[PDB]
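Trainee: If you want the building blocks of each chain, they are given just below.
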Amino acid sequence: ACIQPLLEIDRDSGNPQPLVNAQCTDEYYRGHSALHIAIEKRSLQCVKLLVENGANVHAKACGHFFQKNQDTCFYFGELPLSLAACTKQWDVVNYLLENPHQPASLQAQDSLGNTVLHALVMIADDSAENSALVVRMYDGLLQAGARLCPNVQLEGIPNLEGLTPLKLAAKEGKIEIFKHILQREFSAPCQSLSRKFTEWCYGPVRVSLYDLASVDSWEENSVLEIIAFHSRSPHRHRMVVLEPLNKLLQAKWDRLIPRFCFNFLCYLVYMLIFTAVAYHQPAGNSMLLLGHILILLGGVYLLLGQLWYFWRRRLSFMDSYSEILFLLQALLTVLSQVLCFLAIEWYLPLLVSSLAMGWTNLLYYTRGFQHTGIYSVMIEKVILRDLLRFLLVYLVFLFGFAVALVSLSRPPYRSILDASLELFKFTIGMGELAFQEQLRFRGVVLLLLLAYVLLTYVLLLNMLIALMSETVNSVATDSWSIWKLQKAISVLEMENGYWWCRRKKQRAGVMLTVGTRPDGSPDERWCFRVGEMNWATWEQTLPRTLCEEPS
Amino acid sequence: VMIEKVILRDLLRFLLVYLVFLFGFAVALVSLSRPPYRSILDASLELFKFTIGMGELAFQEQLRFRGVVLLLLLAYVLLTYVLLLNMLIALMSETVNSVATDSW
Amino acid sequence: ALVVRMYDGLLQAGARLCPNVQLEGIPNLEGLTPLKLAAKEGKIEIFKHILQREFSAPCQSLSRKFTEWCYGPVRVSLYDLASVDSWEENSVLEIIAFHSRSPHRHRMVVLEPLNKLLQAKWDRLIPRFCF
Amino acid sequence: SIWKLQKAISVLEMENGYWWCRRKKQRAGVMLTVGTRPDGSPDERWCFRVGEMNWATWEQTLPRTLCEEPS
Ligand SMILES: C=C(C)[C@]12C[C@@H](C)[C@@]34O[C@](Cc5ccccc5)(O[C@@H]1[C@@H]3C=C(COC(=O)Cc1ccc(O)c(OC)c1)C[C@]1(O)C(=O)C(C)=C[C@@H]41)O2
Numbered sequence: 187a188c189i190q191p192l193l194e195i196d197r198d199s200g201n202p203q204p205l206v207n208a209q210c211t212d213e214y215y216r217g218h219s220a221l222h223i224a225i226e227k228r229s230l231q232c233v234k235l236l237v238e239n240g241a242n243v244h245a246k247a248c249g250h251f252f253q254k255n256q257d258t259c260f261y262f263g264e265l266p267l268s269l270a271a272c273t274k275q276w277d278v279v280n281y282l283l284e285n286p287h288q289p290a291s292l293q294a295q296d297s298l299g300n301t302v303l304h305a306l307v308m309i310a311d312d313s314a315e316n317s318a319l320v321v322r323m324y325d326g327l328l329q330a331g332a333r334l335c336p337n338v339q340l341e342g343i344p345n346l347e348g349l350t351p352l353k354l355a356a357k358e359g360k361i362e363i364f365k366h367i368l369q370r371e372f373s374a375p376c377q378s379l380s381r382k383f384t385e386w387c388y389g390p391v392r393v394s395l396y397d398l399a400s401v402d403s404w405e406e407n408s409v410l411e412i413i414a415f416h417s418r419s420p421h422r423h424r425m426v427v428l429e430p431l432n433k434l435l436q437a438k439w440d441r442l443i444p445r446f447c448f449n450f451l452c453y454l455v456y457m458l459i460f461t462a463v464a465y466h467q468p482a483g484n485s486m487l488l489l490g491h492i493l494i495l496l497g498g499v500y501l502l503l504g505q506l507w508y509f510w511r512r513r514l519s520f521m522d523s524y525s526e527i528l529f530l531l532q533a534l535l536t537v538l539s540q541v542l543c544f545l546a547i548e549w550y551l552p553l554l555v556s557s558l559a560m561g562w563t564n565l566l567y568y569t570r571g572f573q574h575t576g577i578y579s580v581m582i583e584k585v586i587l588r589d590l591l592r593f594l595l596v597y598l599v600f601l602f603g604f605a606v607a608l609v610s611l612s613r641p642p643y644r645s646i647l648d649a650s651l652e653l654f655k656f657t658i659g660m661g662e663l664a665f666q667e668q669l670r671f672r673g674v675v676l677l678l679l680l681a682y683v684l685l686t687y688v689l690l691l692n693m694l695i696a697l698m699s700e701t702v703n704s705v706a707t708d709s710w711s712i713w714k715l716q717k718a719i720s721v722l723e724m725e726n727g728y729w730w731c732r733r734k735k736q737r738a739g740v741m742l743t744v745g746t747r748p749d750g751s752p753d754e755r756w757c758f759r760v761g762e763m764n765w766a767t768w769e770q771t772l773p774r775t776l777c778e779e780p781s
Numbered sequence: 580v581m582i583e584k585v586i587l588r589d590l591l592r593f594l595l596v597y598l599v600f601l602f603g604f605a606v607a608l609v610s611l612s613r641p642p643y644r645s646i647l648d649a650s651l652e653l654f655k656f657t658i659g660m661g662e663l664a665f666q667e668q669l670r671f672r673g674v675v676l677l678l679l680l681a682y683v684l685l686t687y688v689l690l691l692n693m694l695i696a697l698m699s700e701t702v703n704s705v706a707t708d709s710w
Numbered sequence: 318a319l320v321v322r323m324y325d326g327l328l329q330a331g332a333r334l335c336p337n338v339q340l341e342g343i344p345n346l347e348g349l350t351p352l353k354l355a356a357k358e359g360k361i362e363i364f365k366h367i368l369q370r371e372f373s374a375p376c377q378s379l380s381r382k383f384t385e386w387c388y389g390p391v392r393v394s395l396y397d398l399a400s401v402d403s404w405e406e407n408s409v410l411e412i413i414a415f416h417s418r419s420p421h422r423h424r425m426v427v428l429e430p431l432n433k434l435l436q437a438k439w440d441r442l443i444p445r446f447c448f
Numbered sequence: 711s712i713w714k715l716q717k718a719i720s721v722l723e724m725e726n727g728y729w730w731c732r733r734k735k736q737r738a739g740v741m742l743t744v745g746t747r748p749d750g751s752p753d754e755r756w757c758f759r760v761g762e763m764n765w766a767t768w769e770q771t772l773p774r775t776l777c778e779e780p781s
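Chains as they are written, first to last, in full-length UniProt numbering: chain A, 187 to 468, 482 to 514, 519 to 613, 641 to 781; chain B, 580 to 613, 641 to 710; chain C, 318 to 448; chain D, 711 to 781.
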C-alpha cells in the first residue's frame, strides 16, 4: 500500500534525480534497481506500478553478483527483460514489450554485447526442465520480435566476440538448443523464421531443405570452424553427428578423397627417399647430394606448414597430438641436415631418430578408413592416458630396488644403471636369477628379486583390469564420433589449401527461393538437400512444399 | 567359428601396424650400428625375437652410439606392449557388446 | 519411511509438550546422541534425513537446514554444524572415520553437507600436505 | 568414494597436528542468528553455506529466507 503515496510524495517534493530510477552503489551489487526486484519477486502488479511511474526499463545491472563466471552468481544479462525471460515469467515479458509507457526493446544489448537470445543460450545446461523452458522462450521471443519489429533480424546481432546465438551455442557446447536451432519449423503466421523446409513429399519419401546461413565453411568464422578449432568443451564430437552436419561433411569427404590419396602417396615417396638416403650414407656422391637436398627441402616444407597451422587457427595436448608429432619429426630432420652440412658428427642419431619417427607417423593416414581409424584412435587414448601413470609407479619401484641391490651386492650389479638393466630384463622374460654362492648375503638378494617379480606382476595386472573397467563401461558411439571429428578436422584442413597456394573455395548447396519475406523481395536462401524416408507420414498432416512435382 | 572370426577381422590390421613399426626400427638400427645388426633382415629378426621373449638387449660397449641404440630398443619394447594391449581390449569390446545367439 | 515419520512426530510432540527440554541432546551411556548413533551404527537413511531437515510454521527452530536467501534459481542454504564439525571432540566426522565398524563408511562421506565441508578443508590444507 | 574417505582421514590427521606440536583447532563456518527460540533469547547457530542452482523453484512454493538481498 505504501508505494503509490511515496512516489507521489517524491514527485511532489521536486527532486532532480528521481527515486524510482535508483541504482545501488556497492561494487558487489552495482546498478541494481527496484524493477529488477519486482521481476525477481514474480509480482506483475508491482511491475505495472513501477512502469507507470517511470522506471527505466533499460537499466544495466552491471554488478559483480550479475557477472558470468564468478562463484554462486546468476548471469541473466543485465537488462530487466532478459531477467524476465530467464526466470520463466511470460506475462511480464508480454507487458514489458507492449506497455504504452517506456517499451522495452529486443535489440537492446548488455555491456558484454549479449542480447536476450544470447542470455537464453548461456543459461541452458542440461535437463528436460531447463531445455523445454529455453526452447519455448526462444521461439516466443522470435515470434514477438517478428510481430513488433519486422525489418530487424534479431539473430543477426553479435556479441563483443563477434558471435551470433547459433555460434555462441556451438562454442559454449550447448547441444539441445543448438540441435533445436539447426532444424526449426514454424507455421502459417510467420514461416520465414524457419531454417527447415520441405521441397517435395511424394508418398513416404520426401526431400528436406536445410539452411546453411552460418553453417557452411565457405563463410569465415563458421559453425564448423568453431566446433573444430574454437570450442573447448568435451562435447565437441557429439555436435558433429547432428542432422544437417553429418551429410554435409560426408559430401565434402567424398569430394576430397583424391587429394587425400595424393598427399598420402607424396608422403610415402618422401619417406622411401629418406630411407634410402639414411641407409646408403656411410658418381654415387652426386645422387647422395641430391638426396640430402631433397630431404632438406621436405623438412623445410613440413616445418613451415606446421608452423603456419599453429599460427593460423590455434593459440590442447590430446587434440593437437598429430600436429605435434609432425612438428617434431620435421624439426629433427632440419636440425640433422644442418649438422650434416656443418659436419658436427652428431648428425647420425638425429637422422635415424627422425627416420623412425617419420615411419611411425604413417598412422596419420589410416583415418581414411573406419576399421583401422578407430584402432589408431584407441592407440592415442592408450598412450596419453593409461601408460604414463604406469611408468611413474614402475620407475619408482625400479630404482628403489636397483639402489638396494647395488648397495647390498658390495661382479654382479656393479652400478645403478647396470642393475636397472637386469631388473628391466626380468620384465621382458630374459632376466637371470640364481643363488650366487659368492656374495655373503645371498638369501636377502634372492628374496628381493622374488619380491620385485611379484610386485611388477601386480602392476601389469592392475593396468590390464583398469583398461577393461574403463572400456566395458563405455558408450559404443564415442569412438565412432571421435573418428568423425578427426575426419571433419581433416576435411576443413584440406579445403583451406596448401600453405604456399591458398585455394579459392566454393559454396556448398543450391540457391533457391524459399518463400516471401514480410517486406518486398522474396526470401532467397542457399540450402542443402537431405532425402528422408518415413512410413508413419500417412497419419500426420502433409506439410507445405515449395515445389509440386519431384525433380 | 571364433578362430575364423579372429583371423579374418582382428589379426590383419595388427600385422599392418606391427610391420610398419618393425621395419622402421630395423632400418634405423642397421644404419645407426655402422657384428650387431649386419643387415635389414638380420636386425628385423632380433627385433622380432623381443616379441617372443627371447631377445637380447645390452649396453654394447663397442659401438660409438650406445645410448641411442639402448633408447631405441626401450622405445620399441614399450610400443609393442601398447599394440598387443590394444588388440586384446579391441577383442573384448567386440565380444562384450554382442548377442549370444549369433555364434550359434 | 516409518522411522523418519515417527521420528519427526515425536520431535513435534515433545516440542509441544515440554518446550524447554531439547530431546536430541540427551546422550546414551556410550555417550552418543541419536545423530552420532546413526553415524556410528552405519544407518544411511535416517542420518541422511537428520542432516537435511526442514520444519514448518508452528515449530521452526527444530530444523537443521535453513535458506539464507533465494534470488531466482540460485539459493544459499545454511546447514547446522552442531555435532558435525571436527572442532569439537567426538564429532560425526571422527565417528565415521575411526569409531565406525560398518562397511558403509565410504558412502556416508559423500552426503550433501559433508562433501563440501571436507573439500573446503582439503583446499586449505594443500600446502602443508605438499610440505 | 573410497578415495574420498582416504582424503577425509588424511585431512583429519593433518588438522589434529603433529605429536611435538599439538595444534589449536578453529571453528569452521559462520556464526549467525537463525531465529527466535520458543523460550526467550534468539537462536544463534554456527552454519555452513552451500550454494545451489535449481530450475524447479518456480513451480514450487517459495521457502522462508533469513536475509533479503543476496550479499
Ligand atoms: C609426444 C609424445 C607423447 C611421444 C613423442 C615420441 C618420443 C614418441 O614417444 C612418446 C611416449 C613414449 C615413450 C616411450 C615409448 C613409447 C611411448 O609417445 C609419443 C611418441 C609415440 C610413437 C608411436 O607412434 C604413435 O604415436 C602413433 C601415431 C603417430 C602419429 C600420429 O599422427 C598419430 O595419430 C593417430 C598416431 C612415435 C614415436 O615418435 C616413435 O616412433 C619414437 C622414436 C618415439 C615415439 O612420446
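Mixed in with the good hints there might be a few duds.
As the list claims (entries may be wrong) - List time: in silico DSS-like cross-link candidates among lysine-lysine, alpha-carbon distance up to 30 angstroms:
(1) C/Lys438 to D/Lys735
(2) D/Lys717 to C/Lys365
(3) A/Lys584 to D/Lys735
(4) A/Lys382 to A/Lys433
(5) C/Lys438 to C/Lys357
(6) A/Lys655 to B/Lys584
(7) C/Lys382 to D/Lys717
(8) C/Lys433 to D/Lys735
(9) A/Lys227 to C/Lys360
(10) D/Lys735 to C/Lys360
Just so you know, these hints were derived from the structure itself, not from any lab.
Trainee: Now tell me, hint by hint, if it's right for this structure.
Mentor: Against the structure, the hints:
1. C/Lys438 to D/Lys735: Cα-Cα ~12 angstroms, so holds.
2. D/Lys717 to C/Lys365: At roughly 21 angstroms apart (the allowed maximum being 30 angstroms), C/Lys365 and D/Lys717 satisfy the hint.
3. A/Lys584 to D/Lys735: Since the Cα atoms of A/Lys584 and D/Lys735 sit roughly 45 angstroms apart, the hinted pair is violated (cutoff 30 angstroms).
4. A/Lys382 to A/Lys433: Roughly 15 angstroms between the alpha carbons, so the hint for A/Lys382 and A/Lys433 holds.
5. C/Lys438 to C/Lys357: Answer holds: C/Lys438 to C/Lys357 is near 22 angstroms, not above 30 angstroms.
6. A/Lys655 to B/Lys584: violated (35 angstroms)
7. C/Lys382 to D/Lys717: Since the Cα atoms of C/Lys382 and D/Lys717 sit roughly 26 angstroms apart, the hinted pair holds (cutoff 30 angstroms).
8. C/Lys433 to D/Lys735: holds (19 angstroms)
9. A/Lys227 to C/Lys360: Given that 30 angstroms is the threshold and the Cα spacing comes to 40 angstroms, the pair is violated.
10. D/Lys735 to C/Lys360: holds (29 angstroms)
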